Amino acid sequence: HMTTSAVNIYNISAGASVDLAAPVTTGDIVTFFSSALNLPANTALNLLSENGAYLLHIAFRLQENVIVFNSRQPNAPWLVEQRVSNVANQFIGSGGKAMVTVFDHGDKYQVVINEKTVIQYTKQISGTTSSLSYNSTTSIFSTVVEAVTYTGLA
Amino acid sequence: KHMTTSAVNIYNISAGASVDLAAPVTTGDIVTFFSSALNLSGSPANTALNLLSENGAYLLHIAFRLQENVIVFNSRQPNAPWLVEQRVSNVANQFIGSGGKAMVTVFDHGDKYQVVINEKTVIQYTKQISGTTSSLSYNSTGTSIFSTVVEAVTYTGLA
Ligand SMILES: CC(=O)N[C@@H]1[C@@H](O)[C@H](O[C@@H]2O[C@H](CO)[C@H](O)[C@H](O[C@H]3O[C@H](CO)[C@H](O)[C@H](O)[C@H]3NC(C)=O)[C@H]2O[C@@H]2O[C@@H](C)[C@@H](O)[C@@H](O)[C@@H]2O)[C@@H](CO)O[C@H]1O
Ligand SMILES: CC(=O)N[C@@H]1[C@@H](O)[C@H](O[C@@H]2O[C@H](CO)[C@H](O)[C@H](O[C@H]3O[C@H](CO)[C@H](O)[C@H](O)[C@H]3NC(C)=O)[C@H]2O[C@@H]2O[C@@H](C)[C@@H](O)[C@@H](O)[C@@H]2O)[C@@H](CO)O[C@H]1O
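Going line by line, the protein sequences match chains B and A.
As numbered in the deposited numbering, residues 0 to 38, 45 to 142, 145 to 161 make up the first sequence, in order.
As numbered in the deposited numbering, residues -1 to 39, 43 to 142, 144 to 161 make up the second sequence, in order.
Check each hint, because a few of them may be wrong.
[What the hints assert, rightly or not] Simulated DEER-style distance windows between Cβ atoms:
1) B:2 with A:0: 19 to 27 Å
2) A:120 with B:133: 14 to 22 Å
3) B:56 with A:71: 44 to 52 Å
4) A:91 with B:150: 28 to 36 Å
5) B:71 with A:128: 41 to 49 Å
6) B:145 with A:120: 28 to 36 Å
7) A:128 with B:133: 26 to 34 Å
8) B:145 with A:88: 48 to 56 Å
These are calculated hints, taken from the structure and not from any lab test.
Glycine included, every Cβ here is placed at the ideal spot set by N, Cα and C.
Work out the full structure: start from the sequences and follow the hints.
Structure, rendered in structure tokens:
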């Protein structure tokens, strides 16, 4: 009858993916920790489902000066973008490191950069997150990002 | 309105320092202490991480005792004797594959605190004192098992 939660720790290199040992579902959390901020080509952090849908794609675009949030079915076009302007402003007082937290709230992903909520993203695709990935060409983050998941919360 | 709003707060806690939480930790919430070092050798003095209530009760005291080779979990009311210890033997074994850093996570599950070192649950601690956590502290008696600054991250507004 007691709640047993879990912590899993992943080291994700730029241009790499990890399968989750414990999937992320409603009530759960993933935080991506970067040991650098540069602050560089477009850089993305992704939550994917088992079938390869992008449940949440977070694209940091320094030159265009926007963070793009979107979803995509496998082998299908991108869905409707949500944008937040001014990338640097989302990392105020960040120093030489950063964290990006995604709360799975069932109907929404709440994305928090350090302590600042940057979007309450209305989901365009539902389901459990079974993998994470980190894409860059010149990343805004450290070459290895540490992802920590907190699961079995609900 | 109807949507869930959770919060992330980040604290830098020096050895021998405390922080008051901007958002209290309650049932359903999480705190993780991140150390950028792990010293298991001038050998470290007993080192503790603490969750305290507003009146200064130790809701959860986690004492890493390298020389005695045990981790002690306990609680204490303000100005009162320590309550019943729970112990886990062999400190180094709890940090296997840790490398040069470590994390200590506490889940507040209402009736219990679940403590996880890296990925390993080390105790399901039945609470001896209940209530919200309003501050955290880091005590090294001397030399610490962790980095001089430990970063605490709280995840709140989960329930
Ligand atoms: C104003 C407007 O609507 N602009 C649209 C662009 O934003 C679109 O660009 C794509 O946006 C996607 C999210 O909606 C996504 O970020 C995508 O890049 C990512 O996915 C592609 C494959 O589709 C590649 O894997 C990229 O490497 C990957 N990026 C990262 C950082 O992981 C964007 O497309 C790329 O970037 C744009 C700027 C162009 O250079 C494209 O040629 C790239 O493929 C665009 C397409 O959906 O639609 C515009 O209307
Ligand atoms: C086998 C057994 O039951 N042993 C008992 C000891 O473990 C008790 O020691 C105290 O244990 C506490 C948790 O139960 C706690 O760790 C405490 O140290 C902490 O609190 C004291 C104030 O009470 C000081 O502030 C310490 O600095 C602080 N330590 C840390 C790291 O935060 C323990 O007491 C200290 O350590 C022991 C080993 C002796 O040196 C004491 O004189 C110290 O005060 C003990 C007392 O509750 O009961 C034993 O039976």
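C-beta pair residue 120 of chain A, residue 133 of chain B: status relative to the range 14 to 22 Å that was hinted: 20 Å, holds
Cβ separation of residue 128 of chain A and residue 133 of chain B, checked against the hinted range 26 to 34 Å: 31 Å, holds
Range agreement (Cβ of residue 71 of chain A with Cβ of residue 56 of chain B, hint 44 to 52 Å): Once the Cβ atoms are compared, 47 Å apart, the range 44 to 52 Å for residue 71 of chain A and residue 56 of chain B holds.
Residue 128 of chain A and residue 71 of chain B - C-beta distance against the hinted 41 to 49 Å: Check passed, 46 Å falls within 41 to 49 Å.
Outcome for the supplied range 48 to 56 Å, where the beta carbon pair is residue 145 of chain B and residue 88 of chain A: 50 Å, holds
Residue 145 of chain B versus residue 120 of chain A beta-carbon gap, inside 28 to 36 Å or not: 32 Å, holds
Range hint 28 to 36 Å (beta carbons of residue 91 of chain A and residue 150 of chain B) holds or violated: About 34 Å separates the Cβ atoms of residue 91 of chain A and residue 150 of chain B, which means 28 to 36 Å holds.
Pairwise beta carbon distance, residue 2 of chain B to residue 0 of chain A, judged against the given window 19 to 27 Å: 24 Å, holds
Checked against the numbered hints above, the structure violates none of them.
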